[PDB]
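Trainee: Chain by chain, the residues:
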Amino acid sequence: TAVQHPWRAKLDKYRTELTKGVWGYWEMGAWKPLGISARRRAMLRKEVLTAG
Amino acid sequence: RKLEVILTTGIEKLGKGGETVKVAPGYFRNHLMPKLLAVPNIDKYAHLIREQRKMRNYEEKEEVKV
Amino acid sequence: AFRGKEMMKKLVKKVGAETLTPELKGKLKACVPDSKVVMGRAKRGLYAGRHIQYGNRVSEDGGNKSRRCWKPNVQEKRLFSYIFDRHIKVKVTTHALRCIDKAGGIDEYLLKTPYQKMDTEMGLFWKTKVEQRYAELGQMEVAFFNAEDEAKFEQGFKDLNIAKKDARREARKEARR
Amino acid sequence: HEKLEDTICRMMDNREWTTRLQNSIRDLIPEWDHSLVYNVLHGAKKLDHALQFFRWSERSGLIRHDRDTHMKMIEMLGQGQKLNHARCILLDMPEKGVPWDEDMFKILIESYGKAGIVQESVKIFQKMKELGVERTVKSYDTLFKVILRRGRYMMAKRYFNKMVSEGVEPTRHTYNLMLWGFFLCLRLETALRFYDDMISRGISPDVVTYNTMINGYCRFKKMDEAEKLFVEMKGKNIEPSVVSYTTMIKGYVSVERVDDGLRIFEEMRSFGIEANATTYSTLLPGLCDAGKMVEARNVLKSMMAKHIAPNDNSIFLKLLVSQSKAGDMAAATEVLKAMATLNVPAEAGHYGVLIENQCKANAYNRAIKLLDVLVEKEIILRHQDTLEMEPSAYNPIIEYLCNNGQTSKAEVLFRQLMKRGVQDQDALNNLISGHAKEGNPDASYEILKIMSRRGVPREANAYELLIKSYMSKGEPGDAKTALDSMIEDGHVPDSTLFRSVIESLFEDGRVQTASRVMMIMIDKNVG
RNA sequence: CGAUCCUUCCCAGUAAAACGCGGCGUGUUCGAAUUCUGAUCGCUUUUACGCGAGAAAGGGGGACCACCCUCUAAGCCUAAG
RNA sequence: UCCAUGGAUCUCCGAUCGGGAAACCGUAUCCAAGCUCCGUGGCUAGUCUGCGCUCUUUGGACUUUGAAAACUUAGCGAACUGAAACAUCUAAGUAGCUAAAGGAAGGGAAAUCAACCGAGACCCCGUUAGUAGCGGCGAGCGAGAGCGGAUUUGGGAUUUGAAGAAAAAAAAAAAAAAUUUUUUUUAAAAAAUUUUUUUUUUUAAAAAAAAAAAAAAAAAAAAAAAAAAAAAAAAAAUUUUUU
Ligand SMILES: [K+]
Ligand SMILES: [K+]
Ligand SMILES: [K+]
Ligand SMILES: [K+]
Ligand SMILES: [Mg+2]
Ligand SMILES: [Mg+2]
Ligand SMILES: [Mg+2]
Ligand SMILES: [Mg+2]
Ligand SMILES: [Mg+2]
Ligand SMILES: [Mg+2]
Ligand SMILES: [Mg+2]
Ligand SMILES: [Mg+2]
Ligand SMILES: [Mg+2]
Ligand SMILES: [Mg+2]
Ligand SMILES: [Mg+2]
Numbered sequence: 014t015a016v017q018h019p020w021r022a023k024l025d026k027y028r029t030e031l032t033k034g035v036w037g038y039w040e041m042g043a044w045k046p047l048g049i050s051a052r053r054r055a056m057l058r059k060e061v062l063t064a065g
Numbered sequence: 042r043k044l045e046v047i048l049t050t051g052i053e054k055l056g057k058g059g060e061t062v063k064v065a066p067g068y069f070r071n072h073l074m075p076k077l078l079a080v081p082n083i084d085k086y087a088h089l090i091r092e093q094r095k096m097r098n099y100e101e102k103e104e105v106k107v
Numbered sequence: 002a003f004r005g006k007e008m009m010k011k012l013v014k015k016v017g018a019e020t021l022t023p024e025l026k027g028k029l030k031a032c033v034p035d036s037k038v039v040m041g042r043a044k045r046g047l048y049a050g051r052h053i054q055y056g057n058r059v060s061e062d063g064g065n066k067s068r069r070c071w072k073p074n075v076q077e078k079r080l081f082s083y084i085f086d087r088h089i090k091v092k093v094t095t096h097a098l099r100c101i102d103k104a105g106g107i108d109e110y111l112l113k114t115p116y117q118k119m120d121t122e123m124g125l126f127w128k129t130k131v132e133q134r135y136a137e138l139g140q141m142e143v144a145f146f147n148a149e150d151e152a153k154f155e156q157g158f159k160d161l162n163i164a165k166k167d168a169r170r171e172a173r174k175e176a177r178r
Numbered sequence: 084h085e086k087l088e089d090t091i092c093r094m095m096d097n098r099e100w101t102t103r104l105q106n107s108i109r110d111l112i113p114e115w116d117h118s119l120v121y122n123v124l125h126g127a128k129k130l131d132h133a134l135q136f137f138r139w140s141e142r143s144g145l146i147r148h149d150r151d152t153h154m155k156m157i158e159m160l161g162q163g164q165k166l167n168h169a170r171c172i173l174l175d176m177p178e179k180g181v182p183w184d185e186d187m188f189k190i191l192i193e194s195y196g197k198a199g200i201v202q203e204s205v206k207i208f209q210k211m212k213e214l215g216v217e218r219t220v221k222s223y224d225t226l227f228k229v230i231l232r233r234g235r236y237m238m239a240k241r242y243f244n245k246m247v248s249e250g251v252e253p254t255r256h257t258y259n260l261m262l263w264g265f266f267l268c269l270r271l272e273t274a275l276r277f278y279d280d281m282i283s284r285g286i287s288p289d290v291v292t293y294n295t296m297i298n299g300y301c302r303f304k305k306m307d308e309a310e311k312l313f314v315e316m317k318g319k320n321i322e323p324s325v326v327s328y329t330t331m332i333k334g335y336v337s338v339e340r341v342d343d344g345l346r347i348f349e350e351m352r353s354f355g356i357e358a359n360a361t362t363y364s365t366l367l368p369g370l371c372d373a374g375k376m377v378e379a380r381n382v383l384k385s386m387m388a389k390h391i392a393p394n395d396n397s398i399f400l401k402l403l404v405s406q407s408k409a410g411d412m413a414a415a416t417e418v419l420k421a422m423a424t425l426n427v428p429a430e431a432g433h434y435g436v437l438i439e440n441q442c443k444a445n446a447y448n449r450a451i452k453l454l455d456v457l458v459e460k461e462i463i464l465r466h467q468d469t470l471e472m473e474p475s476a477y478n479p480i481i482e483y484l485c486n487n488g489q490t491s492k493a494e495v496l497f498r499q500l501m502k503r504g505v506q507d508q509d510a511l512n513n514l515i516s517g518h519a520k521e522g523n524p525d526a527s528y529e530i531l532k533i534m535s536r537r538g539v540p541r542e543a544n545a546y547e548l549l550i551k552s553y554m555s556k557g558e559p560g561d562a563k564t565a566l567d568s569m570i571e572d573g574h575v576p577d578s579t580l581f582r583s584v585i586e587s588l589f590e591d592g593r594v595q596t597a598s599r600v601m602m603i604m605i606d607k608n609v610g
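Residue numbers (the deposited numbering), protein chains in the order written: chain 1p, 14 to 65; chain 1H, 42 to 107; chain 1Z, 2 to 178; chain 1u, 84 to 610.
Everything labelled a hint here was simulated from the structure, so no lab data went into it.
The beta-carbon is built from N, C-alpha and C at its ideal position, and this holds for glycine as well.
Hints should not be assumed to be uniformly reliable.
Said to hold, decoys possible - Each computed DSS-like pair below joins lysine-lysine, with the alpha-carbon atoms no more than 25 angstroms apart: (1) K90 (chain 1Z) to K153 (chain 1Z); (2) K460 (chain 1u) to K401 (chain 1u); (3) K130 (chain 1Z) to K85 (chain 1H); (4) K103 (chain 1Z) to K43 (chain 1H); (5) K502 (chain 1u) to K23 (chain 1p); (6) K63 (chain 1H) to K103 (chain 1Z); (7) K153 (chain 1Z) to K106 (chain 1H); (8) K76 (chain 1H) to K30 (chain 1Z).
Claimed, not checked - Here are some chain 1p residues the structure puts well away from chain 1u; computed CB gaps all over 12 angstroms: (9) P19; (10) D25; (11) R28; (12) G34; (13) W36; (14) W44; (15) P46; (16) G48; (17) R53; (18) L57; (19) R58; (20) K59; (21) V61; (22) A64; (23) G65.
Let the hints inform the model, and build the full structure from the sequences given.
Mentor: Set out below in structure tokens:
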């Protein structure tokens with residue numbers, strides 16, 4: 014039943030990261046890039062939004 | 042361009058031992074480096090000079106006080 | 002062209018292919034340099050990636066083009082090494098000299114530069130040798146001494162030198178006798 | 084001011100373990116000793132920080148670690164199941180000049196026992212004296228604690244035979260642990276023989292000893308023996324343990340005795356401290372399966388009158404469904420407010436089951452009141468929750484809300500439900516009918532578009548009332564639009580609806596639209 | 001045998017810039033940007049390194065600036081067509 | 001004769017042990033181990049030991065990679081010719097020479113495009129389009145994005161449980177409004193299994209004691225042994241057991 018939505022694992026992995034920003038966030042005064050690149054995050058967003 | 046170096050002895054127009062100074066790169070590279078008059082200002086050599094000078098100067102102070 | 006693969010073939014042949022796990026092979030591919038080094042004298046020096054360029058010399062009025070070359074600013078220099086306590090005579094570019102100045106000596110340049118950026122089998126050899134020598138020094142210590150112990154040691158060396166000099170004088174007398 | 088160990092741990096928590104952080108820490112510390120390392124390892128916010136510090140301080144030459152530092156490292160490495168780490172650290176201690184002690188080995192045995200890898204606890208118990216270290220008393224007790232938890236009983240017999248063979252006196256701990264294992268592993272006569280062997284040594288049983296017997300007899304489904312053992316317990320002039328009476332209530336909850344658990348609850352006034360959390364954790368399922376309510380509301384009040392949260396948090400929904408199927412509706416809101424006030428976030432099922440229970444008995448208004456704060460706080464769109472709103476919990480309330488008034492909040496609730504997993508046909512059809520009768524058939528049309536986009540099959544009757552709600556409001560052009568959507572969908576209407584549509588177009592002056600309806604009833608042959 | 005992490009990497013002489021060429025790269029010079037126990041401000045605690053708040057980094061989008069959008073360089077691996 | 005499989009023999013150059021006018025010349029490598037034969041030396045002279053080579057076996061020491069068309073990736077890089085002459089330009093990064101790598105190589109999951117709407121790694125085929133752009137704005141050179149196809153793929157770094165005086169909440173009392181507002185007091189109750197051997201008890205039935213193991217291969221490597229019944233070998237009391 015995991016292949017109906019194979020993107021739930023990535024979404025659960027990156028759920029806390031995706032609240033920090035789109036491309037990155039500030040940590041200890043410095044800028045830090047996000048853990049998922051913008052194109053892969055866009056693919057995840059498309060997978061979430063195609064299922065309503 | 043200048044290089045920051047830490048002196049190991051006292052040089053007349055530069056400064057005292059253990060003090061960081063700025064010199065011409067050729068000056069350090071061709072004179073002070075091979076004669077061990079100065080080390081580059083990186084953390085390992087700064088630590089080495091600081092701790093060894095602490096030990097030697099502490100021995101000298103303990104001899105001088107008594 | 003494929004300098005990493007031909008250098009890997011030499012490394013595998015020298016070490017022995019049975020000694021290498023697949024993960025170690027993957028790691029070793031990431032360490033062997035593969036930069037585009039064609040000119041022979043750069044494989045014998047420390048150029049830090051500088052390489053001869055060929056291009057056009059363009060005349061001013063007519064715009065005529067003829068082939069020329071741009072050479073790197075190579076100097077043969079003696080660079081002092083702390084771990085060998087001697088000078089090392091290397092053909093360096095001035096860009097590599099500036100990088101060595103930033104690193105804090107030839108020893109620190111060899112320690113901090115990764116294996117892939119050494120560009121050369123001889124650079125790999127020198128980096129490996131300096132890393133091994135610094136690892137040997139990393140397991141050592143020196144003890145210091147009190148000034149009264151320093152005076153006793155000075156007098157001990159003085160007595161050794163006087164014994165050696167009197168032994169030499171007596172040897173000269175006995176060979177004369 | 085500040086100490087040094089907490090800022091060291093803040094440094095390791097906020098920065099990556101690079102060489103410059105190590106240089107900063109080394110320059111920060113003016114003097115190295117064992118107590119500084121001990122308080123750094125104790126105060127480390129992660130285990131990996133403590134391991135990094137422990138290895139860096141022994142590999143930099145800044146200090147040589149002693150016995151208690153290695154002990155602390157092995158203890159917390161085995162408590163987080165980094166077993167090879169604590170094995171390899173202990174196996175480098177003879178080479179460091181730091182002598183082995185037995186307590187490090189028994190901690191490592193407990194560490195391998197918590198992972199259920201009891202074979203290695205057996206192996207390292209064998210290889211203590213091979214390495215040449217004392218194996219006197221605590222190693223035997225913890226080895227039994229490890230292996231009888233797994234359920235090794237004849238090996239326990241042999242290892243206790245070796246325990247008494249080499250002249251080591253058993254204590255009460257040893258007999259209690261093997262008694263617990265024997266009662267656990269369904270050995271009655273073995274545990275009675277070992278009780279007799281305990282009585283041969285003449286050591287006095289205590290509260291934990293009688294607790295182990297009543298646990299064993301409670302898993303034996305033999306409660307009269309537990310009661311006569313409690314009579315013997317009172318005869319021995321020992322104070323009553325809370326664990327003993329909780330075990331009695333667990334045995335009382337074998338089939339029925341909630342009232343016996345009430346009767347011994349007033350016997351705690353000779354003990355002194357009544358309210359432990361495990362009793363409240365364990366008493367609810369018996370009354371929930373029995374169907375007993377009156378003496379449960381008061382103690383549900385009492386457990387927050389003494390600030391107690393149960394060990395299992397699923398016990399609240401079980402009592403919710405049992406108490407709602409009993410019929411006490413007004414105390415279910417008390418259970419909801421108790422859940423909100425202890426720790427527990429209220430989930431979708433906790434509101435939905437009560438919404439169903441409210442909808443089944445004529446109490447729609449406070450169901451609407453619950454649904455309003457449910458929508459406002461957005462519990463349905465929470466990913467942490469496990470209990471979701473069931474089809475029993477929204478299918479009648481959507482029917483009521485669409486048939487008796489507002490469909491705005493009905494479609495708000497169902498749009499929140501669609502984002503989770505829900506595409507039920509009945510609820511969407513109810514939204515269609517509600518929006519049609521409320522005078523807004525554009526929303527019924529957009530719900531049918533939602534059906535067409537989401538792959539849900541569409542009715543043929545839901546188009547009919549959409550068309551007649553267009554015609555009643557005086558928009559026959561939209562009626563022809565809906566007729567086109569119906570024909571494209573694959574359903575064919577009746578001649579009465581065609582006559583109404585053609586008439587409403589003709590008396591509105593839309594001749595060509597009526598001509599297109601005439602052409603399509605040529606193509607469908609419906610009159 | 002034994003629950004397996006103990007390190008190729010410290011990461012800027014880099015991006016950009018001037019002149020010369022060129023297949024956007026390269027020769028000679030030269031050279032940044034936010035944090036290195038983050039800082040600042042307010043709060044109780046009443047004399048914390050807690051709790052909150054705000055602003056802070058770069059590339060590109062036919063010179064350049066502002067705004068907006070988009071991406072995260074300065075060595076990760078990868079089938080098939 | 002012939003066929004299939006497995007064997008014995010198996011000159012030389014190219015060529016790699018050294019030299020060399022290719023198909024020839026010179027070549028017991030060197031050094032540890034343990035074994036029959038061989039020969040010589042020494043004792044108090046018997047199953048006495050101690051020195052050697054030659055050749056045999058197992059190792060380890062020097063060093064011998066190695067060819068190959070096209071394709072690939074790199075380095076260097078023309079001129080004729082066209083411009084109706086010719087010098088920028090063109091031919092053309094072509095011809096050629098050279099180096100390295102593989103059965104393919106290379107590229108590859110955005111510091112990419114778009115235009116305020118959105119797309120979503122890389123390569124190949126079609127189209128946009130001989131268009132935009134470059135250019136003695138001459139001759140000529142000549143995209144991208146998008147769209148249609150082919151293949152359809154992303155993985156890793158990378159994630160984390162955070163093991164159990166004052167403010168707030170919940171109980172009991174009190175007042176008021178049509179449930180709500182305010183004040184007062186507060187070791188264990190979870191940890192799940194099987195085989196084999198021996199000796200007993202008990203009404204062949206099933207449980208009691210004390211002895212050996214496996215419920216590990218999570219992670220990878222090393223070694224022994226590859227299914228029923230019978231023949232031989234070794235051990236033991238030809239025969240049995242194992243192999
Ligand atoms: K590839
Ligand atoms: K020409
Ligand atoms: K011509
Ligand atoms: K001519
Ligand atoms: Mg720009
Ligand atoms: Mg622009
Ligand atoms: Mg956008
Ligand atoms: Mg030859
Ligand atoms: Mg011409
Ligand atoms: Mg050309
Ligand atoms: Mg060619
Ligand atoms: Mg080849
Ligand atoms: Mg090949
Ligand atoms: Mg390939
Ligand atoms: Mg396409």
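Trainee: Compare the structure with each hint and give your call.
Mentor: Hint check results:
no.	hint	in the structure
1	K90 (chain 1Z) to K153 (chain 1Z)	41 angstroms, violated
2	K460 (chain 1u) to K401 (chain 1u)	24 angstroms, holds
3	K130 (chain 1Z) to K85 (chain 1H)	20 angstroms, holds
4	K103 (chain 1Z) to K43 (chain 1H)	10 angstroms, holds
5	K502 (chain 1u) to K23 (chain 1p)	18 angstroms, holds
6	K63 (chain 1H) to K103 (chain 1Z)	13 angstroms, holds
7	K153 (chain 1Z) to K106 (chain 1H)	21 angstroms, holds
8	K76 (chain 1H) to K30 (chain 1Z)	41 angstroms, violated
9	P19	16 angstroms, holds
10	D25	8 angstroms, violated
11	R28	7 angstroms, violated
12	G34	19 angstroms, holds
13	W36	21 angstroms, holds
14	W44	15 angstroms, holds
15	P46	14 angstroms, holds
16	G48	15 angstroms, holds
17	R53	20 angstroms, holds
18	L57	15 angstroms, holds
19	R58	14 angstroms, holds
20	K59	16 angstroms, holds
21	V61	10 angstroms, violated
22	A64	9 angstroms, violated
23	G65	6 angstroms, violated
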